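Before any questions on how it binds or moves, here is one chain, the form solved without S-Thalidomide, in C-alpha cells.
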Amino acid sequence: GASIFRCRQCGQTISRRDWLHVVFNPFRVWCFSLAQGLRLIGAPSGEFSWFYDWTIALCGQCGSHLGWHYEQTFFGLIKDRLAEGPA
C-alpha cells in the first residue's frame, strides 16, 4: 500500500514506485525518472541545485508545489507533499 504517489492536497496521480535523498534548503526528496499530472513553471535555474538545472513542478490539478524537474532529466519530489498508496 505504497506503490502510487499522489498529491497530498487533492489526490492527483503523480508517480509510481517503480519509477523511483535528504537535503537542506539554503527535505526528504524522492527522485523519479518519470512523472505525470504536474505543470512545470518558469525557466531552468542552477541556483543551489542539490544535484542539473531545476524548474518548479506544481500539481496540475490544485497548483500545490510538489518539487522540481531537473534537466539527462528526472524529477525530485518532496516526500511530505506526497501521499503513498496502492496501485
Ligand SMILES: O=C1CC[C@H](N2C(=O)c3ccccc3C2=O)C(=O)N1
Second form
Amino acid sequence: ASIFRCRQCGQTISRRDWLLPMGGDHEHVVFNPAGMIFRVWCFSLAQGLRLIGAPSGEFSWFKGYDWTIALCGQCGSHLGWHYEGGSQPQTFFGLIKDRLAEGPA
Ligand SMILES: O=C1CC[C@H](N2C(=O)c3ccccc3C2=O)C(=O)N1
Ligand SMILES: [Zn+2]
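Next, give the form solved in complex with S-Thalidomide, keeping in mind that what was shown is the form solved without S-Thalidomide.
Entire complex below, previous chain first.
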C-alpha cells in the first residue's frame, strides 16, 4: 500500500509518501457548483497526469490557489486538480481519492 494508480487504467499517479497535510489534514471534502461532492487527498507531488489549460481562481477550495483540471494522462479520467499560485506550498495536487487504486510498488 504505497503507490497510487489510476483506477480506470493503471497509470502510475502518486505515492502514499507524498501525501500533504494542508490545513492539518491531507483529506478535504468539498463540493463544486454542480453539487458534486469530492473526497480530495492532497499530494505534494504526482506524475502521469495531463494538466489542462490555464489556471483559474474561480470557486477555488484552497485559499490563495488557482487550479487546472488534472486528467489521467493515459486514459483521460478526471483525477483531480493541480493547484498553483499560492504560498507554503506554491503548488500541490488535489486528487479524488476514489478515482485511484492503492497498491504495492
Ligand atoms: O477548487 C476547485 C476546483 C474546480 C472545481 N470546479 C468544478 O469541479 C466545476 C464543475 C463545473 C463548473 C465549475 C467547476 C469548478 O470550479 C471547484 O469548484 N473548485
Ligand atoms: Zn487512467
